[PDB]
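Trainee: Given next are the chains, with one letter for each unit.
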Amino acid sequence: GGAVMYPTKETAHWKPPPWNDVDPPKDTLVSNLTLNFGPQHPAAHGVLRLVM
Amino acid sequence: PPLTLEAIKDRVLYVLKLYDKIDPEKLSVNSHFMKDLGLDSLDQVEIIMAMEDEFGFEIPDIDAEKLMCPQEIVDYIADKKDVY
Amino acid sequence: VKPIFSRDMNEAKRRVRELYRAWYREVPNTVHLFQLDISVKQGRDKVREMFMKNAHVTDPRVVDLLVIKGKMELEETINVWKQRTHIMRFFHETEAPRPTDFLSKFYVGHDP
Amino acid sequence: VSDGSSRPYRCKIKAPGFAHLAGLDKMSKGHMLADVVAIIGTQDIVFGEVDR
Amino acid sequence: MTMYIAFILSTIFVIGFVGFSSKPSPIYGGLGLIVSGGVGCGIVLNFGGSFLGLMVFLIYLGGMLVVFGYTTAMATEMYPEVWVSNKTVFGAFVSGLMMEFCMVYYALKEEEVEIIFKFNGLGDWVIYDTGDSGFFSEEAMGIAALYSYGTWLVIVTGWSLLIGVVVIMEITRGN
Amino acid sequence: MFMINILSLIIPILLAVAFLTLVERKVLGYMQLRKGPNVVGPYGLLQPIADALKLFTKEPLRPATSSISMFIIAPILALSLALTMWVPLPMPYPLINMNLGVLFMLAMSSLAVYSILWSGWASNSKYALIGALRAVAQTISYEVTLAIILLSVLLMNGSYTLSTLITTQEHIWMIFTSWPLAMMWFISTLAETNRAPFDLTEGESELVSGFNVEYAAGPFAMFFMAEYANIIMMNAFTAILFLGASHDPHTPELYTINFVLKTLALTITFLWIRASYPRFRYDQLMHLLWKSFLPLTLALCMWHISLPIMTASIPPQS
Amino acid sequence: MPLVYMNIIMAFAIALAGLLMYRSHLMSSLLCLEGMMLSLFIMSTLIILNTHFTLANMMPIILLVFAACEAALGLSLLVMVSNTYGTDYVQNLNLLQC
Amino acid sequence: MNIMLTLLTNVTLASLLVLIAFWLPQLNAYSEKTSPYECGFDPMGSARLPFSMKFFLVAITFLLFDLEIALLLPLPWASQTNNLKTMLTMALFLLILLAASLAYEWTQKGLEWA
Amino acid sequence: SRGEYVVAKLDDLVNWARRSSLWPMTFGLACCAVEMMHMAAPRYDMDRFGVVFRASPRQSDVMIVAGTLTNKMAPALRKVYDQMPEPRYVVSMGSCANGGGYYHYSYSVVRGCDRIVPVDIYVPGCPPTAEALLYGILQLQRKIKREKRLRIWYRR
Ligand code: SF4
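Residue numbers (the deposited numbering), protein chains in the order written: chain P, 54 to 105; chain Z, 72 to 155; chain R, 43 to 154; chain C, 418 to 469; chain S, 1 to 175; chain U, 1 to 318; chain F, 1 to 98; chain E, 1 to 114; chain V, 41 to 196.
Do not take every clue at face value.
Claimed, not checked - To spell it out: a stretch of chain R is covered by chain Z in this simulated footprint if at least three of its residues, at any positions, have a beta carbon under 8 Å from a beta carbon of chain Z; those stretches are:
{"hint": "1", "segment": "109–116"}
{"hint": "2", "segment": "128–142"}
To be verified - Pairwise CB distance ranges, derived in the manner of DEER restraints:
{"hint": "3", "chain 1": "C", "residue 1": "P433", "chain 2": "R", "residue 2": "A97", "range": "41 to 47 Å"}
{"hint": "4", "chain 1": "U", "residue 1": "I172", "chain 2": "C", "residue 2": "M449", "range": "43 to 49 Å"}
{"hint": "5", "chain 1": "U", "residue 1": "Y30", "chain 2": "C", "residue 2": "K429", "range": "33 to 39 Å"}
{"hint": "6", "chain 1": "F", "residue 1": "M80", "chain 2": "P", "residue 2": "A65", "range": "30 to 36 Å"}
{"hint": "7", "chain 1": "U", "residue 1": "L307", "chain 2": "P", "residue 2": "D80", "range": "42 to 48 Å"}
{"hint": "8", "chain 1": "U", "residue 1": "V39", "chain 2": "V", "residue 2": "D122", "range": "48 to 54 Å"}
{"hint": "9", "chain 1": "U", "residue 1": "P12", "chain 2": "E", "residue 2": "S31", "range": "28 to 34 Å"}
{"hint": "10", "chain 1": "C", "residue 1": "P433", "chain 2": "V", "residue 2": "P158", "range": "22 to 28 Å"}
{"hint": "11", "chain 1": "C", "residue 1": "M449", "chain 2": "U", "residue 2": "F2", "range": "28 to 34 Å"}
{"hint": "12", "chain 1": "C", "residue 1": "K429", "chain 2": "U", "residue 2": "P42", "range": "57 to 63 Å"}
Claimed, not checked - Computed list of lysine to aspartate or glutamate pairs in EDC-like fashion (alpha-carbon distance at most 20 Å, straight line):
{"hint": "13", "chain 1": "R", "residue 1": "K124", "chain 2": "V", "residue 2": "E44"}
{"hint": "14", "chain 1": "P", "residue 1": "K79", "chain 2": "S", "residue 2": "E110"}
{"hint": "15", "chain 1": "R", "residue 1": "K88", "chain 2": "Z", "residue 2": "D150"}
{"hint": "16", "chain 1": "R", "residue 1": "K124", "chain 2": "E", "residue 2": "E32"}
{"hint": "17", "chain 1": "V", "residue 1": "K112", "chain 2": "R", "residue 2": "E115"}
{"hint": "18", "chain 1": "R", "residue 1": "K124", "chain 2": "Z", "residue 2": "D91"}
{"hint": "19", "chain 1": "R", "residue 1": "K83", "chain 2": "Z", "residue 2": "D150"}
{"hint": "20", "chain 1": "V", "residue 1": "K112", "chain 2": "E", "residue 2": "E112"}
{"hint": "21", "chain 1": "C", "residue 1": "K446", "chain 2": "U", "residue 2": "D283"}
{"hint": "22", "chain 1": "E", "residue 1": "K54", "chain 2": "S", "residue 2": "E114"}
{"hint": "23", "chain 1": "R", "residue 1": "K124", "chain 2": "E", "residue 2": "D42"}
{"hint": "24", "chain 1": "Z", "residue 1": "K137", "chain 2": "R", "residue 2": "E53"}
{"hint": "25", "chain 1": "R", "residue 1": "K83", "chain 2": "Z", "residue 2": "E136"}
{"hint": "26", "chain 1": "R", "residue 1": "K55", "chain 2": "Z", "residue 2": "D91"}
{"hint": "27", "chain 1": "R", "residue 1": "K111", "chain 2": "Z", "residue 2": "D91"}
{"hint": "28", "chain 1": "R", "residue 1": "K95", "chain 2": "Z", "residue 2": "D124"}
{"hint": "29", "chain 1": "R", "residue 1": "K83", "chain 2": "Z", "residue 2": "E117"}
{"hint": "30", "chain 1": "R", "residue 1": "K83", "chain 2": "Z", "residue 2": "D146"}
{"hint": "31", "chain 1": "Z", "residue 1": "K137", "chain 2": "R", "residue 2": "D50"}
Just so you know, the hints here were simulated from the structure itself, not pulled from any lab data.
Positions of the beta carbon are idealized from the N, C-alpha and C atoms, including for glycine.
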């Protein structure tokens, strides 16, 4: 029932493959770019620091 | 790689030694921080943060205050890491 | 009296310790991001000094409100809402030392 | 609010731009940066009113 | 010196390959690929292949555009690497340049170098033919025979491209 | 004397770019109820020279986060490519007569795009990166339709040699034959030159300055010169391709005058469009080109392939 | 064989070595694949032009067409890999073993 | 060689202009002047972090269509053959396959973004 | 001396180029910005004089501080001024920018933009009329015309 027969010490720790699918490793993989739209921006009316 | 209790004690003592406020000479496993070493509550919080960094497991607030003895830190670490 | 977040002083102390942990871990990231020339030890000492300034508080609600303000400041620092000027304002570098002995105050000016 | 003196006790200015800029985030959902510029234009915000 | 324009360009080609093969950040590897594509166009034009060379340059110029965008999106790094930012990349670059310089000088000096095949140091001008193509561009006439002679190649390539669009759509569905 | 010819092509083109800046400023001002620059020189003639001197006597700043090598290389590439593309053009006789001049111009235009992308990436600023990505999207939108339109029109020419366009349009302008392709081509040239309503890369209103936000003094002047030179060169290409001119071999000056006037008119149209219309969203630009221009271009390319065959009008290869 | 053939075959060898020696990113190895395709185009074009194999001057263009097909496939796979792992690093293609 | 000379001349002019721009002017470079531009306030993160491309599929399809652009450019010389029937059939076959690919991607919501 | 004459003429050329082409940055804080736009409007079009508004600080030569400068905005203004390449000139428009004006005694107002950035020309008024701002810009141009950088270099 192991992942590999005749397992070694390192492989023994390794878990067997998932039955259906691998778990999603979603962990802060996408970091949205943060932009200071203003104040100096022409479209910010000069005094708006829109953090987007 | 058996995570021996004495290795845990060595790591805790090393972390405590690195902290400047603790004087190296009077540091002991049974030396309670507040009275034996004279460090304050925020000092104890900082030492707990150092320990959690060294062992990689986060110590919650309730458990951390139950500390103030290096031996207590060692035993709590053993309990979390299932030593003996 | 209605509690803001804590019904007793011990709970407020727990919240204060949590905030102190957050600042203590954030300090090196602040030095890196804001390109501050202070050392990490210096910033953490400033954090302790700011915490110690209000160490005399004995009312749970005041402590809770102070923790709220500290959390807001920490959010500002974690983001880049505060600039290097705001972060370095805690260190009053430009301001000259003000003598506190009676004779120096007497010499310098009429201020009590 | 007047205290009967020659100087107002309290004067609170309700600026229409305040609530519109507050709702800017809700309006911007699902749009791009140029759409955000257009939405800032639509609500006609003069930040003297907003900041007072 | 103009007697060996081809050799100089080929050496530049090999240097560009040693650039994008040492694997700097995809941006500078794309720079290398663009330079190598331009130099290859130069070589093919010197041999009489103006259309082919220009086509390679045009296609790789567009291809490296999508590569650049993809890099800034997926193959991105906080400190992108240049050929002097890591000992491995610079090691690869220096080794590639040295290997070129080695074979280059070896073949130029020695009459007949033989690395894996036998190469003669005589300039490329020797091999060129003395015939005349008249009122024709042989490359153009051959490339135009894809529609008159290569109906089978047209069928295969068109199907391959349509199935490629389908394949990309399926591979990027992502369920 | 070929070096003299190269200088004759280069130097006058740069002066033309300089005075194009004045023309644009005045034309936009008059279309806006204003007077363009007039104080500096008679009728504003010396304004360009003052701008060039100011820019080249202004401190150039190298951004701390920038990659200096690409940061410097990009303006050089932009200006050199902008000057290079002028070489193959027949006015009436080309400086370099190539059998495949049109493909050369297409490849060179493709190469110039990397100047914008390299500048934006090297700047290491978020706005510059956004501008570079917009330039990537713009090329993706326009390149295919540009190539297909050029192929469809050149099918009547019978070659990619620019010079032979004059002979093909000896009796009539090709716009009469291919006016729809001409419209799509003009819009595509607007897109390629990053001109309004497709001025997305710079996009001052939306991006403070786009790719050149971190460029100052000489490098910015070089980017501006490349932009205007590309405008003029693309309009000249349109004039050659569609609005053909009479060429008397004994007197080339007549053809040169006609060609210059047509190119001036097309550049003035460029400024006119910049004044009139608002700016597109880059998603909208890509959608316009792919969903609207591309299918019509495919259909018209089929039509132009068939028409010489069904009308027995296949052009001579030579 | 003239030396230009030597240089172009050397370029192919270098690109092959680059592809077979990955470092971290997948994009770089796809670029090495494209470099190999460019080297093959140059070699084929030189041979076909020197030998005046007129009906073989189209083979480089078909080679380029299928090279671009391969490039598209590579990028479409890289996008999925990046989505599933957050980077294009080859070390993440480690679930399947042996 | 004329093309090489022209390219060299243009590149040398551009490089000379860059040199004159970086050496004629006076400079007072200090850290704050060379810092990145973020509309007055300081940047939060880097500009070298990943920037999601919402039009990736269109870019790959652009590569695949540039291939067809390459395949269609020989058409002007192809019209000079004697088998104009087969040439026309194959040219229309290629253009109809490109149209089919565009239609497939469009109908499958591939030309849309995100 | 011939060297002095050459230096004087080259300085004349440089000053003429710099004053003729003055590119203000698109920086407007408060009501005074509107009068600035009216200056850009057809009646007093500043483009005639060579003054063209350019957004990027690195592509601009003059900063016009139109409107009140709050303590919150001051660091951004200093950053924009620093990022602006030199030669750079600052014009303070309106009482609020000049010395704080109506909000001088406010906690959130910097009592003058001179405290944060060096100012070359002060345009009085609240709001200063567009003609007043144009007069200030022309005064700055004359100030540039009076500059003697190369002459001082030769004499030093
Ligand atoms: S000076 Fe007057 S017009 Fe100008 S911003 Fe202040 S209050 Fe408004």
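Trainee: Hint by hint, note whether the structure agrees.
Mentor: For each hint, the structure was consulted:
With 0 residues bearing a CB less than 8 Å from a CB of chain Z, the segment 109–116 of chain R misses the requirement of three and the coverage assertion fails. For the segment 128–142 of chain R, the stated coverage by chain Z is violated: 0 residues have a C-beta nearer than 8 Å to a C-beta of that chain, whereas at least 3 were required. The hinted window of 41 to 47 Å between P433(C) and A97(R) holds, with their beta carbons roughly 46 Å apart. Taken as a hint, the range 43 to 49 Å holds for the pair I172(U) and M449(C), whose Cβ atoms sit roughly 45 Å apart.
A hinted range of 33 to 39 Å is violated for the C-beta pair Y30(U) and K429(C), which are about 48 Å apart. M80(F) and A65(P) have their C-beta atoms about 32 Å apart, which keeps the hinted 30 to 36 Å range intact. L307(U) and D80(P) have their C-beta atoms about 60 Å apart, which leaves the hinted 42 to 48 Å range violated. About 31 Å separates the C-beta atoms of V39(U) and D122(V), a value inconsistent with the hinted range of 48 to 54 Å.
Between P12(U) and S31(E) the beta carbon distance is about 43 Å. The supplied range of 28 to 34 Å is therefore violated. A C-beta distance of roughly 38 Å is found between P433(C) and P158(V), which places it outside the suggested range of 22 to 28 Å. Separation of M449(C) from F2(U) is about 50 Å and departs from the stated range, judged on CB atoms against 28 to 34 Å. Evaluation of the 57 to 63 Å hint for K429(C) and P42(U) yields a pass: the beta carbon distance comes to about 58 Å.
For the hint pairing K124(R) with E44(V), the CA-to-CA distance comes to about 51 Å; that exceeds 20 Å, so the pair is violated. Distance check on the hinted pair: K79(P) and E110(S) sit about 60 Å apart at the alpha-carbon level, beyond 20 Å; violated. The straight-line distance between the Cα atoms of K88(R) and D150(Z) is roughly 35 Å, outside the 20 Å bound, and the hint therefore fails. Between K124(R) and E32(E) the alpha-carbon distance is near 17 Å, which keeps this suggested pair within the 20 Å criterion.
For the suggested pair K112(V) and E115(R), the alpha carbons sit about 15 Å apart, so the restraint of at most 20 Å is met. The straight-line distance between the Cα atoms of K124(R) and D91(Z) is roughly 31 Å, outside the 20 Å bound, and the hint therefore fails. With a C-alpha separation of about 32 Å, the suggested pair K83(R) and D150(Z) falls outside the 20 Å cut-off, and the hint is violated. The hinted pair formed by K112(V) and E112(E) fails the criterion: a straight-line CA distance of about 42 Å is larger than 20 Å.
For the hint linking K446(C) to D283(U), the alpha-carbon distance of about 17 Å falls within 20 Å, and the restraint holds. Restraint check for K54(E) and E114(S): not satisfied, since their Cα atoms lie roughly 51 Å apart, outside the 20 Å limit. In summary, the hint linking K124(R) to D42(E) is supported, as the alpha carbons are separated by about 9 Å, within the 20 Å threshold. A hinted pair counts as satisfied when its Cα atoms are at most 20 Å apart, and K137(Z) with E53(R) qualifies at roughly 15 Å.
Under the criterion of a C-alpha separation no larger than 20 Å, the hint pairing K83(R) with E136(Z) is inconsistent with the structure, at around 24 Å. Between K55(R) and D91(Z) the CA atoms are separated by roughly 24 Å; this puts the pair beyond 20 Å, and the hint is violated. Between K111(R) and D91(Z) the alpha-carbon distance is near 30 Å, which puts this suggested pair outside the 20 Å criterion. Annotation: proposed proximity of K95(R) to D124(Z) is violated, straight-line Cα distance about 28 Å (limit 20 Å).
Restraint check for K83(R) and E117(Z): satisfied, since their Cα atoms lie roughly 12 Å apart, inside the 20 Å limit. Taken as a hint, the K83(R) and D146(Z) pair is broken in the structure, with Cα atoms around 30 Å apart against an allowance of 20 Å. Pair hint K137(Z) plus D50(R) holds up; C-alpha atoms about 19 Å apart against a cutoff of 20 Å.
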